[PDB]
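One chain follows as structure tokens, the form solved without the named molecule.
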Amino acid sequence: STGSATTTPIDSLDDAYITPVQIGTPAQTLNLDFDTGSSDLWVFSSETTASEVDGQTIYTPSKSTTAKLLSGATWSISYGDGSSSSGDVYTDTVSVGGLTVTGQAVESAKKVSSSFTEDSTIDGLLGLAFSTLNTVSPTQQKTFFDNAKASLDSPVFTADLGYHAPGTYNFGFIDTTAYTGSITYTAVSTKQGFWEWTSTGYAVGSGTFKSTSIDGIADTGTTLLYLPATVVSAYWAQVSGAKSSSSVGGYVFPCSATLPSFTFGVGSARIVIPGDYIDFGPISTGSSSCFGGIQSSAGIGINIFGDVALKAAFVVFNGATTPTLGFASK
């Protein structure tokens, strides 16, 4: 089997991408944030505290003839940005882009933190990291991809995120018309539960490529590119007037600047992030101080190849027995 679904930016900055997902019978379509940095499929629901729902579409398990409570199961998750959610668990039929999984754990939120409530465009998350990170207790549950894998034509999914435009998530096949050149594949470590890999270096603008190993994760659920302070300083030093501000929370630069590109290495290959992808626009409405798309990871503990980086590529998440990541230009 295969599936193919369009993913759409939630706003004009590409802060996140939503993908429609069919849950239950008859189908309830919710728009979920596909997140290769986590491993829970959770939704706003008829069980969510009413004051914490503000415009989201909810899953109502009592209206689904295929829903079943997963007795005793609870979940609770905290994300790197400080947001969180928790609740109980149903199994139900879940379909993405024509690919159907029966018996998928659908984690129904009883509580969500304010950042979720305040984002009316995201009805939940669909985790695509390794199932060892799933938070369901006392019996850990599998991701949608793990449940689908055996049925797929090939045990892969691909992320093709757009710049200020829709893109595609495909399951079970590699669309050879969706990228240019070849795909260069790189080894993955699953030791932390992430799609963790080692970039071979970077260049700033037209500058020389610096060969240096940068371990990090491919995370579609993180907006920006978080890299070591040395690398980030080298980038922003090429932008007149750019500076790091603790009170704003990262590197800001003049909205009148033209940003240089940023290149990252994948083996001997190179992925070029255009400068315009690094502009996250005014810090506040009307401000001439623009918020940078490349930020330091020094306070995170891990480097993160988020959407800024991934949307410059066609990315293969290869879930074979020995997993690998693939990157192509497009």
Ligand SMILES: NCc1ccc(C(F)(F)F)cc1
Given for the second form:
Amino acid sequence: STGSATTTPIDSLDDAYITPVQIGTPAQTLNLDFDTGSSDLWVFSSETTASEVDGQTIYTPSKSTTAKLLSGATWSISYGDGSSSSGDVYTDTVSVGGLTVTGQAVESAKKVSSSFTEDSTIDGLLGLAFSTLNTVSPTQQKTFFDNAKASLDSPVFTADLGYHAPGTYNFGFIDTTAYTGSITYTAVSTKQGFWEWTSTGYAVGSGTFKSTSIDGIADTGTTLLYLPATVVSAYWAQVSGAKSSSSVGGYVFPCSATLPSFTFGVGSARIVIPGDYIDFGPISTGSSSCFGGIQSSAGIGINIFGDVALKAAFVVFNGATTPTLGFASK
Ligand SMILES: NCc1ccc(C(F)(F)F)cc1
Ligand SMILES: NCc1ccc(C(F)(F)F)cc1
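Same protein, different state: after the form solved without the named molecule, show the form solved in complex with the named molecule.
Everything in the complex follows now, all chains and molecules, and the chain you saw is the first one.
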């Protein structure tokens, strides 16, 4: 079997992408943030503290004829940005673009951090990292991808994110019309539970390509590109007036500047990120200082190929027994 769903940016900056997901019987449609950096499927629900819900669509297990409470199970998650949420666990039927999984763990949020409350457009997350990272206790639960793998024509899903435009998540097949040239595959380490790989180097603008290994994770759930301080300093040195701002928390640049492209290596291939993808607009309404889409990973501990990098490519997440990541230009 296969599945295919359109994913849409939530705002004019591509801060996140939401994808409709059907849960329960009859279907309750929620718009979830597909996150290859985490492994929990959790939703705003009728059980969420009322003051902590501000416009989100909620899942109501009591109205689903296939929902079953998973007795004794709880979950609690903290994301790398300080976000957190927690609650209890149901199993229910979950469908993504025609692809159906029965008995999927649906984690019902009882408490959510403020950053989720303020995001009215995101009804929850759908984790797509490896199931070793799932936070359900005392019985760990499988992700939607792991549960569907057996039924898929091919144990893959692909991410085709748009620049200020809708895109596509496909499960079970590779759309050979959606990219140009060839797909370059590279090895993945699952030792930390992430889609972790090694980039072979980078270039700034039309500059010389620097061969150097950059280990990092492919994370659809992270907006920006986080790279080592040496690489990020080399990029922003090519932008007149750019500087790192402690009060803002990253590199800013004059909104009048033109940004150079950024190239990253995948084996012998090159993915080019156009400079316009790196502009995240004014730091405050009316400001002439703009926020950069490439930031240092020094304070994080790991390099993150977030949406800024991924939306420049067609990305294959190959969940075969030896997992690999594929990248193609588009
Ligand atoms: N998108 C999920 C996510 C968020 C943060 C991290 C960090 F910070 F631990 F790298 C990993 C994965
Ligand atoms: N990396 C996971 C993640 C994804 C989205 C959000 C947001 F946008 F809701 F704050 C927080 C954390």
